[PDB]
Amino acid sequence: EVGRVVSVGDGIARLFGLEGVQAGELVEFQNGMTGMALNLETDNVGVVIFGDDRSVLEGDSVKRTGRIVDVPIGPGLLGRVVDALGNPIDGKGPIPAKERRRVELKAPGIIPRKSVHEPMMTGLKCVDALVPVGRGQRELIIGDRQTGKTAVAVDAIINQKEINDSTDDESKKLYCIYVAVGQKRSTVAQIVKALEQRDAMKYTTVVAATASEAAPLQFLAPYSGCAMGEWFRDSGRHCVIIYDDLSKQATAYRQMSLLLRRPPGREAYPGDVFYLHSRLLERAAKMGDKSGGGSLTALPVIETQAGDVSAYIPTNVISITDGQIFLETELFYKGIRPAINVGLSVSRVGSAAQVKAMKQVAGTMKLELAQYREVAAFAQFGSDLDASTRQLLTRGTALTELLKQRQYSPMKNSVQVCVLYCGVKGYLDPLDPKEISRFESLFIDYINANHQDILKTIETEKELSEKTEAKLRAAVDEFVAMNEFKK
Amino acid sequence: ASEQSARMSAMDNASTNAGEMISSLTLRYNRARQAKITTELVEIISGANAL
Amino acid sequence: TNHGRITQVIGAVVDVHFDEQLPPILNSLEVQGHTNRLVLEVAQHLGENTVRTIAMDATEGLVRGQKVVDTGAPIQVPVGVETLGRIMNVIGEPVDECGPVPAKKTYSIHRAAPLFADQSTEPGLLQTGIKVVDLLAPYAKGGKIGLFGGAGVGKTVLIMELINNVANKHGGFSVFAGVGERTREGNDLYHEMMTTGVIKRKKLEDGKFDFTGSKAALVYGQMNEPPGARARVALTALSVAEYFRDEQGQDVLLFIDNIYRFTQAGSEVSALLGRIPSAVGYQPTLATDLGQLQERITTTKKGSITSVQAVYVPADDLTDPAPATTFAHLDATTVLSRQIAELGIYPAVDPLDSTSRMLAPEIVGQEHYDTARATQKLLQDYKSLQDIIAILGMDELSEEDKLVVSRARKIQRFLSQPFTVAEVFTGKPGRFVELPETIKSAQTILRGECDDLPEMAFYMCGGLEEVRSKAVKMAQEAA
Amino acid sequence: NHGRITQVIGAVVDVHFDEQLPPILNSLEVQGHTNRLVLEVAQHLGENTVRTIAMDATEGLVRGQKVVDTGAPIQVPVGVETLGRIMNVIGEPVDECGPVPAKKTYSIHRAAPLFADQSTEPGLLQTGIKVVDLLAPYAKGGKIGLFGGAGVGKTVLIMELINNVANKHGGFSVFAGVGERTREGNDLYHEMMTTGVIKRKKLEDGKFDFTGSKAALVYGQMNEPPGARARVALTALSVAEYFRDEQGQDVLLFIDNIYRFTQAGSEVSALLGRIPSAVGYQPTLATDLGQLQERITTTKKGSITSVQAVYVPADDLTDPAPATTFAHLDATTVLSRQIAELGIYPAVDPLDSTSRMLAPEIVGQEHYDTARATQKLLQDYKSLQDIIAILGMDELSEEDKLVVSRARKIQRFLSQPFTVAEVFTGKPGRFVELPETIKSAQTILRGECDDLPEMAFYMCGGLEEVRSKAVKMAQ
Ligand SMILES: Nc1ncnc2c1ncn2[C@@H]1O[C@H](COP(=O)(O)OP(=O)(O)OP(=O)(O)O)[C@@H](O)[C@H]1O
Ligand SMILES: Nc1ncnc2c1ncn2[C@@H]1O[C@H](COP(=O)(O)OP(=O)(O)O)[C@@H](O)[C@H]1O
Ligand SMILES: Nc1ncnc2c1ncn2[C@@H]1O[C@H](COP(=O)(O)OP(=O)(O)O)[C@@H](O)[C@H]1O
Ligand SMILES: [Mg+2]
Ligand SMILES: [Mg+2]
Ligand SMILES: [Mg+2]
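Residue numbers (PDB author numbering), protein chains in the order written: chain C, 78 to 564; chain g, 263 to 313; chain B, 79 to 557; chain D, 80 to 554.
Don't read these hints as lab results, they were simulated from the structure.
Don't take each hint at face value.
To be verified - Far from chain C, by Cβ distances over 12 Å, these chain B residues were calculated:
#, residue
1, 149
2, 206
3, 280
4, 435
5, 498
Stated by the list, open to error - Cross-link-like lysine-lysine pairs, in silico, DSSO-like; alpha carbons within 27 Å at most:
#, chain 1, residue 1, chain 2, residue 2
6, C, 443, B, 551
7, D, 379, D, 182
8, C, 270, D, 380
9, C, 175, C, 140
10, B, 551, B, 480
11, C, 502, B, 506
12, B, 548, B, 518
13, C, 436, B, 551
14, B, 281, C, 191
15, D, 461, C, 481
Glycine included, every Cβ here is placed at the ideal spot set by N, Cα and C.
Chain C extracted, bound-state conformation:
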């Protein structure tokens, strides 16, 4: 059937007609613009427009296509940048994909799932050690503005090119999806450039719902990304999806709901914000061996104001996630970059999403860092301390100086194991803290020059036998002999 526009304003239309409309279907005007029907009132119909409202004219004919709002899926998206609806914006060719998928869908149930056991190598040291991440997990990256969240996510994306290049088994490769809500196109272009400069786009796609783009696209983009990732999840191929920032999506939803004359709630938001984020994040899952064995990891991002996680959106997304990676400005300016607060940051999965070789070191590291955090304040004042307490302070300072990293400079798992071994067994206590930043680098080059076999063995066996232990100890001794530092 067809209908006619009755009212138009602020990217929203009120129609008269189309009595056979499905709630949530696409609608087409007589000028190419599209819309989505949400409020099926009695007299009129409330449509949200996918673009500017200058085209609609209060009398224009309108037609229903019968399609529920859907997006394309497949490997045709890899290497491409697309909008919320799958339309490309890279400017190079169309999207070669035949199979589509509905945006809003029912998450998978309790039975076709399994526990999280495989890790998702983030490339960082503090995350992969103290706040591990699994495949099928939903871990939040929450912080303030300009603290290193997008950087964490982009390093997670970049670390995968070595793992993917050194195989042709799709069951082991990890594909990636970056959803940019509210960002400006300059930032998205910078991210695309940073990924292309490192050949990290042949396994990624991007979904850009920027600020100039209307509210419905910002509201739909994360669901479009989850739909694109469900192809990997159900096909047996692992994928990780990153949402930057989710809060922007909540703001867009508030805008749409307020312009549809729906009543507000707390902070002018609706009550359906929890349902919005639960709908979105429960689609991340680790499926069973009967459903292929795929996965869809999620790494949402949230920007708090003044570190207030007592707010309305942070509280919800904290209560519906399997972890937290807090980021602070005090730690960011003190010198700790990434600025991960290892106290508040947790991971309910934990060691199950960690390699044994990393377990052996990270347990001791977490214990030592707890003790160091406990006595750090007392130590600053300056009072006589026992040798054991001083040793604790020295080891905590060493480990804190170890977990620092440059931007876009991730590392393999075996190298993290080796470095944290050097840090835990006491080969950094006498050394000057400020010197460690090169002890790391040189040591890495050394074990990539003359000790590739240790790395291959750790990569294959994924553990530290006594033989590899002794070999690594001998390598560290040779390295300290060949080199000299301030202590």
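Let chain C serve as the given structure and place chains g, B and D with the ligands on it in line with the hints.
Below, chains g, B and D with the ligands alone, put in the same frame as chain C:
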């Protein structure tokens, strides 16, 4: 003896400074209290008039 | 059966028009012509033979004028021993992928609470195997229990430990209701229940199943589901338990994760149903909607239901209306803290906010009452000395105060213990501490017998003897 | 097409057309009126009725007046003829120098450039200011924000950037005044006529010749309705887009304050029949801003550098307006009142300030390391403020005392006397290059300036001035 005299003087100054900080924080607390009341009430009213 | 026509659709709210014979409130309506089953629960009568209903599943795909059929009764859930060993939805449909529920009976989830004349029973003591709980906040066998805490404090782990330590030993049946929790948690719980014999699934050559035994029933309304489902799934599980209480007369165990989600669901739709919001966005019908639930959970002269509710406390604010209202509905309370969990003291129970009606000298003897009150006095004394220690230092404290601080730290570390389900976090094995051992150990520590023993020794130790063994080991390793 | 006014509510007018409606954003002229009242369509309401926002005062309108549809949105002239000339939101010049004889006119409303038509090449600017050159380097071809309350020095900082950049630019420039004082507008006009940025010449026959000018001016000030404040930035953006599209030349755009633009929406949406958001702001607070900012962007054709002063009401940075604006900026500069009370000017908080052009792949590693060491020092000093206020400096150790000394010294050293402040400060201006700043910071951090006093770093620029002042202070 000099140590104890200086200790008494320092405690005096610290108590005075604490009183000053208490005054400032009391002002801020009352401001935030009024803001909370106004914000909650405006939320309720805006939800009541959008019916 | 009547016949109606959908008139409008706003999120999870659906208006329906009948030509005659309006259905009563709380009745169930079935939409015809939809992809999957879609049930609506009547909520309001508006006028002109129009009603306003709440959808259990997503309204995506609904059409105006689409047809609706009244069932003549509210959402009827199946009941019996056939629900045992089996998972069920809010509308009674199974989601375990094992076959349909061959129940010979159905109960309406909406019922009236037992009257005042149906009195309770004696405050029977419940032994959980947890120390701080059995000591300072004893749980009643026939009363409601609350586990208050924010996010990341150990509510789910504590419920799982209670299941391992109670449900297996319980001779009656048991029920679990997942009200807006994570689905991963449900999968883990189902697998652990199949492992420890609480569920006994036996596949057959003819493709059927056999859940003989399996003294447990599961109901799930998780976050993926919309409002209307999260709200009514608790009533579903409560009716499933009320069947065993009333007819069978067996003692029943009910576990709810989290109850707060049920209240949140109402808020998500209240403004769509034309209600004015309350103080902080919650609905007006908060206390009543929660009390109509809670009063159905109570012991009678036919059976007993022991409930254990985990209450999310957002932003660690106990002044929020939902937990504030829930506090009055509970016999035993257990408040978990973050400041304690930061010290690695798990379970992170605050013994100064946890209370219990049972902690009285007539129910538990004075050896228990005085011990608990002395522990609480000691901990409050240690809490009052915190500022003096922070400003001046330990040098200023007298030897009495130093003894107090030492004993309080030892008590804090001693109330901790490792659970069997937390092996996958700590690696240490689990313990089951009976109550007399706890009372003996607390009396011993408060009397001053163990002042010589080091503070570190009292960590994740089931009993004082274990503490002695750990101290011996630490002293031997010292030389 | 003719139409009738049916309803008037302050700065909103509901009009009724009979035959055919005008689209949204179209301009409408009221005929029975003294001035040239222009109305911008915003909504459609049925019954062939339209809702509009007025670009001028509605005092004198009548229910029944006649309205004429122009068939297109507001049109602002463009070219090198707008240079050296003031122009209000509707393009009408208010310079009292004649009309604008420009050939082409652009619409106020244009779609932003696409994703493919972007070029994020990193460059730097020479502002001459120590704090921004060190800790928040400004990006050539990017957006820059100056956040602050009232009385912290945004306007003075923008004027300093004008004197230190625009005069040494060569290319073109634009200034948009969105709800600022008319006084400072006249002051800027005369300062520009002085410095040669505007080269006005009066011909014998009363005409004028602005040939040689390098700066346009657009002013919608406080003495204007909200509709004439929520459409001025768009006028300036059209004027600058003409340059960086057809001309293909770099341009500098200065906006004072952008927040006023959102404020106008706040005092309009209530009349347009919209439900308010958290703090009375609009539900359209983000799209109305993103549609303005995304038009500002360097592309493959040209580049727009932008310097926006963002008001912060009640010194609350959690307000929705600055919170939304933070996401659109490439560089940031957060001014503070706590630092201005200490007499430090510019009152920049170097910790809340940040930038994207600070990485070592853009600036060197010596610059990056100096900046990060300074930030660490100032954070370590901030962490001791409570214990210093309660107890005192005596409780601190010697390392902490050295830290406090160097932090106070580097705070006072990041204070520059500008040239435009000479009228209320007296001391002459001090342009400062970047390597001198870096050397001075390195020396202060090492410990090569602990012997000097603390008040010797106040308003001195480089270090030679600091040592000379310490010498003179020894007496
Ligand atoms: N490991 C790191 N080491 C040094 N600098 C870092 C590191 N990680 C991030 N940064 C720096 O932090 C600053 C902000 O980068 P980022 O893109 O991550 O911001 P953000 O946290 O996502 O907040 P927003 O995007 O809202 O501005 C950059 O200057 C970046 O160089
Ligand atoms: N007894 C415990 N021992 C060790 N760690 C615990 C314990 N209880 C909780 N934790 C930690 O806190 C996290 C809380 O998860 P959960 O048990 O679901 O509590 P909640 O639902 O209240 O957030 C656990 O994953 C674990 O890391
Ligand atoms: N560098 C400076 N030196 C001395 N005084 C300054 C300086 N900057 C600002 N001020 C003072 O603060 C006031 C700020 O007013 P203004 O320049 O209009 O900033 P804003 O736009 O934030 O209100 C000025 O009156 C001036 O006296
Ligand atoms: Mg970011
Ligand atoms: Mg939980
Ligand atoms: Mg100003």
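Comparing the hints with the structure gives:
1. 149: 23 Å, holds
2. 206: 23 Å, holds
3. 280: Given that every Cβ of chain C is farther than 12 Å from that of residue 280 of chain B, nearest at about 17 Å, it holds.
4. 435: For residue 435 of chain B, whose nearest Cβ neighbour in chain C is about 30 Å away, the distance exceeds 12 Å, so it holds.
5. 498: 17 Å, holds
6. C:443 to B:551: Measuring from Cα to Cα gives roughly 23 Å; hence the hint holds.
7. D:379 to D:182: 25 Å, holds
8. C:270 to D:380: 19 Å, holds
9. C:175 to C:140: Holds, at about 24 Å.
10. B:551 to B:480: 26 Å, holds
11. C:502 to B:506: Answer holds: residue 502 of chain C to residue 506 of chain B is near 23 Å, not above 27 Å.
12. B:548 to B:518: Distance of about 18 Å is within 27 Å: holds.
13. C:436 to B:551: 25 Å, holds
14. B:281 to C:191: This hinted pair holds, its Cα atoms lying about 20 Å apart.
15. D:461 to C:481: 22 Å, holds
The structure is consistent with each of the numbered hints, conforming to all of them.
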